[PDB]
Amino acid sequence: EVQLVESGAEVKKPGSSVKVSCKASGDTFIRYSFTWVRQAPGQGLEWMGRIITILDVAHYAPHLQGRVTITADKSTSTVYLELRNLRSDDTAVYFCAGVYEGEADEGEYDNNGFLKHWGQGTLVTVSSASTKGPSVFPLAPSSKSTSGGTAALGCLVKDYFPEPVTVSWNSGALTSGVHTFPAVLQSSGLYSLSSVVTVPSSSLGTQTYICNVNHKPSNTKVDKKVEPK
Amino acid sequence: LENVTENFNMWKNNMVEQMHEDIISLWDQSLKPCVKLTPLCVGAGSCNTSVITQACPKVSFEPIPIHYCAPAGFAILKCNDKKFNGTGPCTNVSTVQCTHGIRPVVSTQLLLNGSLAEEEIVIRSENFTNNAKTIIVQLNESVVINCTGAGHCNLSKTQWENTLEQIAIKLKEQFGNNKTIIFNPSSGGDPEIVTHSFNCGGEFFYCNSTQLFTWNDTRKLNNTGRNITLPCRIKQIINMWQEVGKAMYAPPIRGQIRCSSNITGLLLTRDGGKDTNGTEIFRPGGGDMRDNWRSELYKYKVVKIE
Ligand SMILES: *[C@@H]1O[C@H](CO)[C@@H](O)[C@H](O)[C@H]1NC(C)=O
Ligand SMILES: *[C@@H]1O[C@H](CO)[C@@H](O)[C@H](O)[C@H]1NC(C)=O
Ligand SMILES: *[C@@H]1O[C@H](CO)[C@@H](O)[C@H](O)[C@H]1NC(C)=O
Ligand SMILES: *[C@@H]1O[C@H](CO)[C@@H](O)[C@H](O)[C@H]1NC(C)=O
Ligand SMILES: *[C@@H]1O[C@H](CO)[C@@H](O)[C@H](O)[C@H]1NC(C)=O
Ligand SMILES: *[C@@H]1O[C@H](CO)[C@@H](O)[C@H](O)[C@H]1NC(C)=O
Ligand SMILES: *[C@@H]1O[C@H](CO)[C@@H](O)[C@H](O)[C@H]1NC(C)=O
Ligand SMILES: *[C@@H]1O[C@H](CO)[C@@H](O)[C@H](O)[C@H]1NC(C)=O
Ligand SMILES: *[C@@H]1O[C@H](CO)[C@@H](O)[C@H](O)[C@H]1NC(C)=O
Ligand SMILES: *[C@@H]1O[C@H](CO)[C@@H](O)[C@H](O)[C@H]1NC(C)=O
Ligand SMILES: *[C@H]1O[C@H](CO)[C@@H](O)[C@H](O)[C@H]1NC(C)=O
Ligand SMILES: *[C@H]1O[C@H](CO)[C@@H](O)[C@H](O)[C@H]1NC(C)=O
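Heads up: the protein sequence lines correspond to chains D and A, in order.
Taking the entry's author numbering, I'd label the letters of the first sequence as residues 1 to 52, 52A, 53 to 82, 82A to 82C, 83 to 100, 100A to 100K, 101 to 214.
Taking the entry's author numbering, I'd label the letters of the second sequence as residues 86 to 129, 194 to 299, 329 to 398, 407 to 492.
Simulated from the structure, these hints should not be mistaken for laboratory data.
Warning: the hint list may mix true and false statements.
Partial list, computed: chain A residues near chain D (C-beta under 8 Å) [what the hints assert, rightly or not]:
1) 120
2) 122
3) 200
4) 202
5) 369
6) 421
7) 422
8) 423
9) 424
10) 437
C-beta atoms are modelled at their ideal positions from N, C-alpha and C, and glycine is treated no differently.
Chain D on its own, in the form it takes in the complex:
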């Protein structure tokens, strides 16, 4: 019963090359055939290829032949996936996936296409943009729109890169009744999401609202006071 570990998410620029690692542990390495399955944001699984490890042979996906390679280091027990000539569309979460094959070290081999063990997934952003912390802008609580019960307000993390971004309200307390939207890619090449929390108006002016946005990539942690302005 193996556990697959992957290399870190990498931000590569167009026309470049990226190599993602995948540590295989918990069982006999050569008894597994590993497959890389990529998935672009919003998109769905796309078979990238599979390496019949023990044999050290790997077959690939038509639309990738030439620009992709799958190799395995039996010594360190790792599998690698290399894509060269990166395009923007290559931007996706590259999954490492494996399946048991049988006493392959003994000649037995099921050569299974499905994937029983999956990796945590490694994200690769292939874009011409540059790493840059975000900028949080408070969303004035609808004081002249909603009343009587509760009012909704929030933040607007705009122009950040590469990804991803975490969000919490009031240092991490008011995480309830909040709808943090998936980021969105702007024409510039940057992303921008939004976080909101519909809370009672009678609490505007005592509980200084502050969304806590973090962006490890840029190593820029931001806090913004959402005063009922």
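We have chain D; now place chain A with the ligands onto it with these hints.
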């Protein structure tokens, strides 16, 4: 029979190489691997592996007998004798159209469905003195052996015990009567050579032949066993006999694979011992499918018209 005296050399017979090459091509259009790896070097040590991936159709490869008829400008000469070394001057030679029907069975250690020895058990060898040259045994009475994809083969403990005797006796009758004859399992090497490998239903069986080659010219092994059961195993990743390189075949599928072949001969290979006391140790051998072909063409030789 032909009224003339000619030379024969099964160990340098050319039909062997002509059939072998045929049997290989009889394999490239019947049993095609999903992947085939083969060495590729320029000589500079470094050796890339040439990979090939083709369809892997499950076919129940069932060998058809093969005849060998001389065309024209050519004639086949057959040797006739109850005990022919297959390497020398044959007295009762005789020209024939086609050689007897031969079922190109590819296997190691045991020769299956071959041709039995008319008289008694005969053992040929390009040089018995050389502990490197395979000894081809020829049974005069075959020993049925049934293998199944279920994981094993059954053999008559009786018949096999006898056989080892009527073989062990033909051995010392060549290396010295006052010499003890012993049988041990493979010394080592590839799975295909270390076990009794062969193909059945297109499945590459690998039967452990320890119980067949652990016979001491003293004791027995029939305590609570009527039949010998070799623990066989079907492999998908195998070393090719046609050429250095591995090859992966697709897993088994037919609800049942079964074989019932005639152990018509063996391929032994005694160990040197460096002239040590009379204690010749013979072990399973083969892996060079030509010896097989040989065991069938040992008494033939095609020749050009005069
Ligand atoms: C690999 O083998 C090829 C033979 O096709 C040879 O030309 C090359 O120098 C070797 N090195 C590589 C590419 O690994
Ligand atoms: C050869 O076969 C006959 C029966 O076909 C058997 O009686 C004889 O003993 C065999 N010769 C030996 C011992 O190799
Ligand atoms: C092998 O199978 C045959 C039928 O093909 C049977 O007659 C024979 O008894 C079997 N031999 C064994 C299991 O020893
Ligand atoms: C065997 O060798 C000879 C036969 O050549 C025989 O006279 C002798 O007594 C025997 N000695 C042995 C090796 O036991
Ligand atoms: C079967 O063969 C293996 C090696 O191939 C050997 O080590 C083992 O002891 C054998 N088992 C039997 C049936 O004696
Ligand atoms: C051969 O002899 C050895 C030791 O004398 C014994 O362990 C082995 O079982 C014998 N082979 C058989 C099974 O006949
Ligand atoms: C040894 O076992 C075989 C069957 O495996 C049997 O036919 C034979 O009679 C046994 N040996 C004796 C004579 O006790
Ligand atoms: C050849 O093998 C079959 C399979 O067990 C057997 O039944 C048949 O009698 C054998 N025929 C020969 C060559 O004697
Ligand atoms: C001849 O030997 C082959 C071994 O490959 C076996 O599969 C076949 O069944 C034998 N002949 C018969 C009785 O069908
Ligand atoms: C043959 O047996 C051993 C072989 O290892 C050897 O030491 C011995 O001198 C020879 N003769 C005997 C004692 O049987
Ligand atoms: C066949 O017999 C004739 C008798 O005249 C003889 O000349 C010839 O050499 C013989 N051939 C054989 C079998 O050696
Ligand atoms: C071959 O010819 C010799 C010489 O007469 C004879 O002794 C032998 O029986 C013949 N062999 C056969 C049966 O073809």
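We went through each hint and held it up to the structure:
no.: 1; hint: 120; result: holds (5 Å)
no.: 2; hint: 122; result: holds (7 Å)
no.: 3; hint: 200; result: holds (5 Å)
no.: 4; hint: 202; result: holds (6 Å)
no.: 5; hint: 369; result: holds (7 Å)
no.: 6; hint: 421; result: holds (3 Å)
no.: 7; hint: 422; result: holds (4 Å)
no.: 8; hint: 423; result: holds (5 Å)
no.: 9; hint: 424; result: holds (6 Å)
no.: 10; hint: 437; result: holds (6 Å)
In this structure, none of the earlier numbered hints is contradicted; all agree with it.
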